[PDB]
Amino acid sequence: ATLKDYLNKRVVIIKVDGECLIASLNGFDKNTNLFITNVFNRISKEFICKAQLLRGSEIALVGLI
Amino acid sequence: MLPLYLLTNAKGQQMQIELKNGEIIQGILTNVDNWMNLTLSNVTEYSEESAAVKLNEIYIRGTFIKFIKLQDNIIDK
Amino acid sequence: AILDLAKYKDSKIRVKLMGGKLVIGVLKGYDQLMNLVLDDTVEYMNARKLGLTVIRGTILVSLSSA
Amino acid sequence: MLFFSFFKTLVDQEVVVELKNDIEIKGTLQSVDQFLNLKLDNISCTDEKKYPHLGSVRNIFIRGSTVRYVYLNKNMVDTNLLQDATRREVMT
Amino acid sequence: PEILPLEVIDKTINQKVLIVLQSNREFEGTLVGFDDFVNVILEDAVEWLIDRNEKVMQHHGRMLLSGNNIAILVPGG
Amino acid sequence: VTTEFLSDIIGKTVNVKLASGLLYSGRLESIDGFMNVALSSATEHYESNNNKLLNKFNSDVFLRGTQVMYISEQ
Amino acid sequence: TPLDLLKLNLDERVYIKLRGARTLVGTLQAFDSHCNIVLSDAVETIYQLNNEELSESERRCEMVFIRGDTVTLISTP
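Residue numbers (this note's numbering), protein chains in the order written: chain S, 1 to 65; chain A, 66 to 142; chain G, 143 to 208; chain F, 209 to 300; chain D, 301 to 377; chain R, 378 to 451; chain B, 452 to 528.
Be careful, since some hints might not be right.
Said to hold, decoys possible - Reference listing, derived: stretches of chain B covered by chain R, where coverage requires no fewer than 3 residues with Cβ under 8 Å from a Cβ of chain R: (1) 454 to 460; (2) 520 to 528.
Claimed, not checked - Think about it this way: if two alpha-carbon atoms lie no more than 27 Å apart in a straight line, the pair counts; the simulated DSS-like pairs of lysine-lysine are: (3) G/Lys191 - G/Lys149; (4) A/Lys119 - G/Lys170; (5) S/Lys4 - A/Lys119; (6) A/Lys85 - A/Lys134; (7) F/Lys228 - A/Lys85; (8) F/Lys216 - B/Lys458.
Claimed, not checked - Partial list, computed: chain F residues near chain S (C-beta under 10 Å): (9) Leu218; (10) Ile231; (11) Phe243; (12) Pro260; (13) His261; (14) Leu262; (15) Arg266; (16) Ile268; (17) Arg271; (18) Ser273; (19) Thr274; (20) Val275.
For the record, the hints were derived by calculation from the structure and aren't laboratory data. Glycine included, each C-beta is placed from N, C-alpha and C at the ideal position.
Isolated chain S (complex conformation):
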């Protein structure tokens, strides 16, 4: 199991608190720490960041859109 096939692609991320993101996945490590670019709030469609680092503890789901 690996997030390799998702690199540089757009993804949906569901956080553990049920919050939702849309972003380009650029980096990831073994603990699921993500490096993201052009992040948005799925529900809100509100631009969050041009670049952001997201802890794996926070992630519940990553989907390939």
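Assemble the complex: chain S is given as a structure, and chains A, G, F, D, R and B must be docked to it using the hints.
Coordinates of chains A, G, F, D, R and B only, in the frame set by chain S:
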């Protein structure tokens, strides 16, 4: 590239940390380790994103971070 | 380690803990595991006065000066 | 290492996954890892209400720490194999 | 001339200790022993819940308190 | 020293509190370094033994280690 | 050893308490040291408190894997 490598080379930049309690920490990164523990200088911490304490240095455990907003400058820097 | 706690011995530090506790004390001792020895420890929950306390490093979330 | 072994024999088999935050997802198990992370292909909705905000997404990665349940069929699994393997496993 | 936390806990052995969890609950008792993980043995513990605070129980004999949940130790209660 | 305790109270009657508040009173069949506990003739109570009995397990009770807040003798 | 006295009742009916007022009854197929479980022929009871009143819900499944970290308790019904 890996999140940690990215952090290790953002040393000297400005960045904004969201913690698991909601507190926001704006500061300039001065050190990272392999568990993503940080130390930042020129710090301003907020009780929440709504916003204000200024601190000289802060140490943050990595297990407590939800996410870290990086400066758009990041990719080239 | 990335934080040199020696420069903080005999100064007043602010330590936020897991589970939402705040503790301001005077730094007397430390270990590599971030276990602290605070003196004149005041735990903010609004005010509580413990004395010479040992803080566990495993639950430590943040550490600033005061 | 035992449940990693279990989940490998389930590849290509439709499974339902219940995440802690009350999200339920049907999918074909494409991939499994040491943390029990899961990759599900051909995503589909089991429950109307619990199911989250997706659509085009047909392939997902699920973090193992966030699953509560994985619902299986009794024909996907040899019970006696499971039992004798648990008996063999050492816990010390 | 460094003061080590575990040496401080070592000195409070056979004394009264307050042990504060990361939750409200607290344990006051006689510190019998402790290990490297800060698991802790108490003797005749008073178990508390904190704010009017209700005293949960009066233990008799010896308690092993998991150091997994311990946030603070106070020597001599 | 905590291990000496673990082998010192095996067979004795103990209270085992979990994170939630729930408390289990039984006879200590076995213990493991992960704090996993086995009890026999166990009852569950919330917070105190004097509170209402919530359950009596005639069978043996395995309590998970990650969840235990203390083990205490009476 | 408590993890061995669990092998004792493999292929025997078990009762499992989980975090969140969840309860499971099933026949024990597999476990590990993480407490991770597989049960066959299982029914899961959920106690919810909505609108200040208590209801308990049910869910049946022929085979289920249970992430072990929510597991609190294992006995027999």
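Quick check on the hint: F/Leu218 CB to chain S CB, less than 10 Å? Violated - the Cβ of F/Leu218 stays beyond 10 Å from chain S, reaching only about 13 Å at its closest.
For the restraint on F/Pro260, tell me whether the closest CB of chain S is nearer than 10 Å. 6 Å, holds
Quick check on F/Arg266 please, does its C-beta sit within 10 Å of some C-beta on chain S? 8 Å, holds
With 10 Å as the cut and Cβ atoms as the points, is F/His261 at the interface with chain S? At 6 Å from the nearest chain S Cβ, F/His261 passes the 10 Å test, so the hint holds.
Under the criterion that the straight-line Cα-Cα distance not exceed 27 Å, is the pair G/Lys191, G/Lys149 satisfied? 25 Å, holds
Do the alpha carbons of A/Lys119 and G/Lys170 lie within 27 Å of each other, as the hint requires? 24 Å, holds
Should the hint that F/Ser273 touches chain S count as held when the rule is a Cβ pair under 10 Å? For F/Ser273, the interface hint holds, since the closest Cβ of chain S sits about 8 Å away, which is under 10 Å.
Supplied contact hint for F/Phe243, tested at 10 Å Cβ to chain S: For F/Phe243, the interface hint holds, since the closest Cβ of chain S sits about 8 Å away, which is under 10 Å.
Take a quick look at whether A/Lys85 and A/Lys134 sit within 27 Å of each other, Cα to Cα. Given that 27 Å is the threshold and the Cα spacing comes to 14 Å, the pair holds.
Hey, F/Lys216 versus B/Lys458, does the alpha-carbon distance stay inside 27 Å? Holds: F/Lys216 and B/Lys458 sit about 23 Å apart, inside 27 Å.
With 10 Å as the cut and Cβ atoms as the points, is F/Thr274 at the interface with chain S? Holds - the Cβ of F/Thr274 comes within 10 Å of chain S, reaching about 4 Å at its closest.
Minimum beta-carbon distance criterion (10 Å), F/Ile231 to chain S: Given a least distance of 7 Å, the restraint on F/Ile231 holds.
The structure does not agree with the numbered hints 5, 9 stated previously, though it agrees with the rest.
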